[PDB]
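Use these hints to put chains B and C onto chain A, whose structure you have.
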Amino acid sequence: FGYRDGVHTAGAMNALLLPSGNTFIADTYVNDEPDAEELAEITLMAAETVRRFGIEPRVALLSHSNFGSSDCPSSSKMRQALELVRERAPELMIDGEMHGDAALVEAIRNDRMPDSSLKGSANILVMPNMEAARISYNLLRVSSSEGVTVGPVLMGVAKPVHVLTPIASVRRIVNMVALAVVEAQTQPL
Amino acid sequence: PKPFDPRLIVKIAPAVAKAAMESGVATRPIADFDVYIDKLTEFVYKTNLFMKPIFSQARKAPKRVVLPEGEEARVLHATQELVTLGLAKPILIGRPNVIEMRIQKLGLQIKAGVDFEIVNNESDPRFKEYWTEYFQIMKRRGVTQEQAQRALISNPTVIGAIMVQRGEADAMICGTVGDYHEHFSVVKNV
Amino acid sequence: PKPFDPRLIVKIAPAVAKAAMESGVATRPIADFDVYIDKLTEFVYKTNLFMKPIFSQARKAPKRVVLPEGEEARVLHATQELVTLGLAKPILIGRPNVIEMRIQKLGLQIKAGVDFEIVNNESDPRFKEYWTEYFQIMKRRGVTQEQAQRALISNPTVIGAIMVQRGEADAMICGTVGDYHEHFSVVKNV
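Quick note, the sequences are listed as chains A, B and C, same order. Letter by letter, the first sequence follows residues 571 to 759 in the UniProt record's numbering. Letter by letter, the second sequence follows residues 381 to 570 in the UniProt record's numbering. Letter by letter, the third sequence follows residues 381 to 570 in the UniProt record's numbering.
Same shape as in the complex, but just chain A:
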């Protein structure tokens, strides 16, 4: 198929149901160590996919650094990705980089950064590498006592296709068939 026009990367995104609501995690399956540009493109595609669900996207970039408390290369990569995203789509609600609890809890974020541009609890989480994304996704999947997901949604390819996992149940297959049909209804971009 190849990439859709205007994009040079692909990503995977998993849905999950936490006490704070529905939440998406990217990227979990494709890129082993994305750079800033790939992170920006993944963020934009994830925002569009979330918009499909009739939800107002809210993005958070996660790291062990908390608003510049560290200067390891990963945190710098997040800062560059954030500036790129703000350059491209100015109307998107996004902030970072921050800790996970700050992203999920309003009071913690407001204590440390009273004037953040992100309101409420984020519903899209972008990780620096596939290690963190996969580990967090699995641990949260088991610990959030439901154990149900909607993933992996694949974004970036020029045709409406998705790739599942061998442990996928019937309901997940039905959900992805419906989602692919919805994507294919409009003329592919």
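Don't take each hint at face value.
[What the hints assert, rightly or not] Taking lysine-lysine and the BS3-like style, the derived pairs with C-alpha atoms no more than 27 Å apart in a straight line are: (1) B:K443 - B:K432; (2) B:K485 - C:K508; (3) C:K419 - C:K432; (4) B:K519 - A:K689; (5) B:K391 - B:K491; (6) C:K440 - C:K491; (7) C:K485 - B:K508.
The set of hints was computed from the structure by calculation and includes no laboratory data.
Okay, now just chains B and C, sitting in the frame of chain A:
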């Protein structure tokens, strides 16, 4: 005066020269005494010949300079010599009691509030604005509000940099105690 | 007492149970009250069930612990609760006036010099030995003698680490204000 006082030549020689001037025993009269005193000083201090344009330009319009390390003896001596030369308007940072006691101990003559200003770092009325501005600058570099307050209490260099940034001073001279790169990092960040 | 006081269950329920014990209306007598109070506490605090072996082992022989950050309200509350449980012998670092005034403000009952020791960082008789030892440790890591004295005056974590190293304490708990890695660096170096 003690034998090794360096001001002896500068205070004596022009007076004797003027006494020669009045009594008519001189044979090679000097034009003006200012260049004479300058030459004597260049003999004394070995860098006046190099720094003379700087001193001449600076004496035309003094500015406000912050010395965060306002309890060192060297800084106090420098403040006295700066006031005497009429070359700047110093501002010191530290506890007023220690500064006054050491001024008495060293036998200087500069008087707090008349020749220079003392900023009490432990208790200042502008603490709120200072730490608020520091946080507004450094929030994305990993500085929480409590860290900002602690820094504005404990770090004189930060106080000096914030004072210069807001326009309450004009220059800062720091770093006579401690490592170079911590001061440089603070200055570059602010 | 206020309605939300958590000690209410622990103080009330065993007393009512013992009253039932005396009057003979009980039908399922309890063996000993200690496990009962423990179970109630595990209901209250949600981590006693996990930490019970640690508490039981620690209560057999208390040691000496240094809390360098001896002016925070949380540290004072923790000191009170540690003294009450008979679980350690705390040592606090800070200015005695502020510590006493805040103890009065919070309405605690621990008394300085009887339940815990206060080390006045600004003026201590063992300042010389402490900064000498710190310099002897850190001279090859770029720490001059003046830096050592300044650190032993201004940094409570260094004072605590030196106190532990010399054997005047047994453990240290620090880092409730400021960044993690500065405290960790000091601890690792010492």
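Evaluated hints:
Distance restraint check for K443 of chain B and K432 of chain B: the Cα-Cα separation of roughly 18 Å lies within the 27 Å cut-off, and the hinted pair is therefore satisfied. Between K485 of chain B and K508 of chain C, the direct Cα distance comes to roughly 24 Å. Compliance with the 27 Å bound is thereby established for this hinted pair. Restraint check: the Cα-Cα separation between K419 of chain C and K432 of chain C comes to about 11 Å, which is no more than 27 Å; the hinted pair holds. Restraint check for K519 of chain B and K689 of chain A: satisfied, since their Cα atoms lie roughly 18 Å apart, inside the 27 Å limit.
Straight-line distance between C-alpha atoms of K391 of chain B and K491 of chain B comes to about 24 Å, which keeps the hinted pair within the 27 Å bound. Proximity of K440 of chain C to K491 of chain C is assessed by CA-CA distance (about 23 Å); at most 27 Å being required, the pair is judged to hold. This hinted pair checks out: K485 of chain C and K508 of chain B have alpha carbons roughly 24 Å apart, not beyond 27 Å.
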